[PDB]
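The chain below stands alone, shown as structure tokens; this is the form deposited in one PDB entry.
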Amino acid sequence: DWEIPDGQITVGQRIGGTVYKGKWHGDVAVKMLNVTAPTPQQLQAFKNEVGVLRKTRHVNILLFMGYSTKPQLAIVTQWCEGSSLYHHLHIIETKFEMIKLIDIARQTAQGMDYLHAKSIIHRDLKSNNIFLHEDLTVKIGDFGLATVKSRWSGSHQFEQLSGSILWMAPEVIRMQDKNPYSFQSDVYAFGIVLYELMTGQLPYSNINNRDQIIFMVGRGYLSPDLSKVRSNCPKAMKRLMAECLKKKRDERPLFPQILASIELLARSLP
């Protein structure tokens, strides 16, 4: 069991539910539900998020360490030194070599492959939730929207669409099915990550109308401008990016195939 008896955790600074840097057998990350009266909906959220993390043990999934109930509801995970991929790419504009960028792609794919293999759909994959730990190891985090595929189609029910729009697949945005999420929706998000990696910029930089992007992407009018990939981007990557980004979800590759594409690419340079 992974319940941390009350008192042991020592909450400190803040970063961005809400996330603090704390102390429990070393530096840890503590993610809390600030409030005082947890609604049974916030409760099932917590129960579910813990449920998913419990099933993960892989070097590219951020390490779940345990949870607390009594003070506030909280999830404890490893602390990371170093920044998110978002921060490297769009804030400090780190000048990674192309072999490194490919490797970040590779590791991110590795973590996703591992999740899908245990039937977890992350549902909130994006630059910010990909940490370059010690600048050397990709750890995928934030499992606040993560879910496990149910064998039965009627367990789903109603969930209000949430998430960052730049990484949402058209079918997710449209939100026409009972369950529009799939392994393939995660791939699309990873597709946008390839975009940030191979271009250095977020998609749709000329458009600043939030509702317009939701509407145009869901409709098929809008899609990332692949011409903006930097010139050192291997042709295989550009193709692989365009494939992950296909509008027809079933046309997207899954993570073993994505992993293979990147290995085969890697095999091609001296």
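Basically, rigid core = biggest C-alpha set you can superpose within 1.5 Å across the two forms. Positions refer to the first chain, counted from 1. Compared with the form deposited in another entry:
Rigid core superposed between these two forms, residues 78, 137, 119, 72 considered: the one with a C-alpha shift of 2 Å or more is 72. Relative to the superposed core, residue 44 shifts its CA atom by 2 Å or more between these two forms.
After superposing the rigid core, the C-alpha of residue 89 moves by less than 2 Å between these two forms.
Once the cores line up, the CA of residue 146 ends up 2 angstroms or more apart between these two forms.
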The other form holds:
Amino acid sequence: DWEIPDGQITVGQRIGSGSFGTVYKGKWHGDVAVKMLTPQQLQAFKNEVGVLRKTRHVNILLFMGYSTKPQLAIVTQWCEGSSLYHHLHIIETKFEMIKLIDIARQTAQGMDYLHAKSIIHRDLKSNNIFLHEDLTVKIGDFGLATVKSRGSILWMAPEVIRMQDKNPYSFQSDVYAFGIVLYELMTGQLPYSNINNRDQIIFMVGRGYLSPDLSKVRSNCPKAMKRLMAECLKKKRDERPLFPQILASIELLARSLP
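Now that we've seen the form deposited in one PDB entry, could you pull up the form deposited in another entry?
What follows is just the one chain, with no partners and no other molecules.
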């Protein structure tokens, strides 16, 4: 099994909380990430998502094992560096166009893998794309439904925001969230920056009145990159390309660049 013997993990600094559980930097055969959760949270993740079992890919965060005592936790590999969100919006890292294209290429590579294994991320955003050693993209923080009837909206597809569906999530919703990530890479900015109201952004994006300002893309951004971005951000989910097609477009772009 993947159960780490009781008392082997040293738990350190609290990193934060994602879709589910609290992340702490830890030590177990070097630096590791320790995601604390409840047995109900762990069982739901194994059923509703199942990335711990299913994924073993260079662009997906590597699961390592779990602990039962003192507290239940998922132990993954540790990413040395920062998330794409942190790089672009917190510390304003100026990446070369070649690198920005590579980050997109690597993200689309990981997404195509997940989708081929029939896994929908449901919560892809820039603080989920971890730039390990500032070179390798590692996709983590998978979406898990923790709440019922009776949050980062900038990446949500209009249909996800409208939520007139029980499960508005699809491969196409992840394509939209990737579209926003492409926007962030090519502009170095977050969409709808000129609006100071979360409710107005939610209402308008869902109703298709508001969409990212594509005129904000860098001068050195390839025409095909801006074209792919537009296709991924289509308001009609059906009009969006899937990741095998997205990947092929980036891979072709990556070589056609002088």
